[PDB]
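Undergrad: What follows is each chain in one-letter form.
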Amino acid sequence: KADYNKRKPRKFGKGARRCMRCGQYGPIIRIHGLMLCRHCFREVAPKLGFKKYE
Amino acid sequence: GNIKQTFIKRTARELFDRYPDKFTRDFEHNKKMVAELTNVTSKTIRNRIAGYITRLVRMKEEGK
Amino acid sequence: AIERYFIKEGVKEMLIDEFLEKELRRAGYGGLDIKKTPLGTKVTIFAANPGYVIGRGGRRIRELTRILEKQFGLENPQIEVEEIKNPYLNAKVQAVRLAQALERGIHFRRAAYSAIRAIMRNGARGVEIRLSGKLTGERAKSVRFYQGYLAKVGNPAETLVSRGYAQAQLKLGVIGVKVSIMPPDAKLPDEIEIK
Amino acid sequence: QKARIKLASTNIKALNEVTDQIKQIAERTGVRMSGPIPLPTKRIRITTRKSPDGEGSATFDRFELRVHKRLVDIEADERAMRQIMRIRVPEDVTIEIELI
RNA sequence: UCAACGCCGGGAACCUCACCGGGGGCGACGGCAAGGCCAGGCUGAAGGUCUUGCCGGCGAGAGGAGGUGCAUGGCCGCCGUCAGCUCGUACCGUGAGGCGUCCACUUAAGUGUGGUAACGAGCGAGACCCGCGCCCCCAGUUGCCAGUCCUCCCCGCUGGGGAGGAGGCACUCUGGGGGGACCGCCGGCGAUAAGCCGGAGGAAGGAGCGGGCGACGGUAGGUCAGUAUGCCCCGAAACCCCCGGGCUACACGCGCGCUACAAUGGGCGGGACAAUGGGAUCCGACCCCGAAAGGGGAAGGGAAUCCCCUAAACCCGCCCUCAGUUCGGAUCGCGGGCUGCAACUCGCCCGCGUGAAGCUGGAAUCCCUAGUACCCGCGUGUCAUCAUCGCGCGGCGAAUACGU
Ligand SMILES: [Zn+2]
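Chains as they are written, first to last, in the deposited numbering: chain Ar, 3 to 56; chain At, 2 to 65; chain Ac, 2 to 196; chain Am, 2 to 101.
By construction, these hints were calculated from the structure, which means they are not laboratory data.
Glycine included, each C-beta is placed from N, C-alpha and C at the ideal position.
There could be a bad hint or two in this list.
Stretch-level coverage of chain Ar by chain Ac, calculated; a stretch enters the list once three of its residues show a Cβ under 8 Å from a Cβ in chain Ac [to be verified]:
hint, stretch
1, 4-15
2, 34-42
Simulated restraints on C-beta separations [unchecked claim]:
hint, chain 1, residue 1, chain 2, residue 2, range
3, Am, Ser35, Ar, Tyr27, 50 to 56 Å
4, Ar, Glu45, Ac, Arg110, 27 to 33 Å
5, Am, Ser35, Ar, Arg9, 54 to 60 Å
Using the sequences provided together with the hints, build the complete structure.
TA: Encoded structure:
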């Protein structure tokens, strides 16, 4: 009964990754080891140390 | 526009109404004087002030 | 490599900061600082009332350093608990205070003016407070209080002013509180003084 | 024998601090030094979209993280190594040392 | 409608998933054993279910990609990077409200100079931050190699030309600090002011060029399907897993683009010259198999050290010589392979054959002022594979106007 309740493991695809902060599936930044979605990065970026500079 | 701002003009008028014996009708001399008398971390502002003072003195020698 | 390490540090400390932000609300949570060393990892917590963090009869200081092990895996760490003096200039603590007041039941104008004068009496060239939500009936609205000087846009907006945001959850819904403060030692590029 | 120190950081002041410290400790003693040597700066850029929805024109947000690097060789004399490892380095700087 | 339609970073094989068909599990706490396994049958498969045995000692809530964006927060888009919005005191008015914030000249600018029932402040502008271009100082490896010395190699007409290595930083380059340009000098106009216009000087001139930050507020504008969140609703299902289908279905109407309808060119063979960025079961030089796609070994590299990387348009020589063709290259057949647990539905790549519309386009309509547009290709984002897309990079390089 405990088996038919929790996932098959995924080593690739789209259900392999998940946001650290919120838990989203699709849009995820992977650049240089980051694992945040496009939404949480825009909020936590000035804490990580990023600037506009443009 | 090549406009001077009010606080620039105010600073220059003050520095020319007191400490007048220092400035002359040349630019670099007054650049040195301004950087000697002010607390500044820019150069465009200093040059603007120096040129305004140059104008002021070069037509104060004439009056009006 | 290099970027990977920097970014992982950032992410880990940020997640910890958020966990503490939410699970140390009453005490007042102003910041955090993690220091790496061979003797173990030190973690300093800023706050106003360290007693709440301490948990006289324990049950808090061990909760803390054992959850840090269980979940976020810090290297056999331990924690220091500092205190903020003159916390009336940090905006996050003030925003959370105002939200706690609103949840208690104080009128928003009363509480806002109270906070503004308390931030004036202790040293501040400018302060701006903003509330948003169902303040008066269903139809939401936004209200704004201000005193002094401000630097909304430019570089000084970023580098001089202290900003904070918080949420208040009431019988009906959510109210957003924004606070911005200009400390006394702030000088602008236009404020010159003749020798 | 020589020793090579690599320094990386997001802050130039910490780098200048460490450089001045080791330069002075090596000068007050008799040791021929090398550097400081600047390597190119590493910039991590990320361009994302502002809106959390689809509607609206596309306005993009460009964030940047600059990282400055320095290199030194110190010649690893008798006491130089043991007196340099006794430095008070801030925790926003990454310092490594390699013996050649 | 502008401000939906290569947009939701939305390039969906499973997952993503919210849709369709079937199967199976979930009840904190509080009040009157639960659960587990061999062999086989039901079953798409299955201690899910039973056959045979043995082991173990009624109410609330979790959760919800379920409704409400016309209940909220926060974030974004548009008026608008527009020049506008307010305060204190005084005065005019029964009052709503006005003045200041108006007029003349000026500026990108409620930017400034003069006059005035107004005198003075603030928030936006400007200031500020980043980068490109010229000069100087420090510095000199993982970057560079002119002059110096040793070697080694080849060529005519004996003078020229290349590779190591020591050893140097001169030139290039990297990244820290500092200077320099300010209508400053020179003749008008205006007012004798504010500034504008010649001309001089000057790596560069008239906020030097390109960007970022974007106000008090409105738009019941978009988002509850990014997280957070109130009311209703499902609570044994609308919760949580798996296994198969669909979002790829096609008489048609539209948006944005790619490829072309030839010679300002198609093909074959030979000559050339970049930059931005990225790399751990990742980039893979070098060698060997295979006609090609691709396969087996494997140095080096944790990023000024090695790789991805001798880019395309361009130049030269031969064939075609205004033709539905040596243009065009869709659509179909037989074959060979990679990534993946699984390629029919529904994936990318190769080789040989087949060879469809299209011969410059009505009414209308869009983008662009200088290293800019047109034209050429290249990393990266997504990524186990898959780029006619998004964000950036360089190479070749104009025409016209300095207005209304
Ligand atoms: Zn997230």
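Undergrad: All hints are to be evaluated individually against the structure, with a verdict given for each.
TA: These are the hints, each one checked on the structure:
1. 4-15: That given contact is violated, which follows from only 0 residues of the stretch 4-15 of chain Ar lying within Cβ reach (below 8 Å) of chain Ac.
2. 34-42: That given contact holds, which follows from 5 residues of the stretch 34-42 of chain Ar lying within Cβ reach (below 8 Å) of chain Ac.
3. Am:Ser35 to Ar:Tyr27: 50 to 56 Å: holds, 51 Å
4. Ar:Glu45 to Ac:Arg110: 27 to 33 Å: holds, 30 Å
5. Am:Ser35 to Ar:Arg9: 54 to 60 Å: For Ar:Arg9 against Am:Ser35, whose Cβ atoms are near 56 Å apart, the range 54 to 60 Å holds.
Violated hint for the displayed structure: number 1, the only one.
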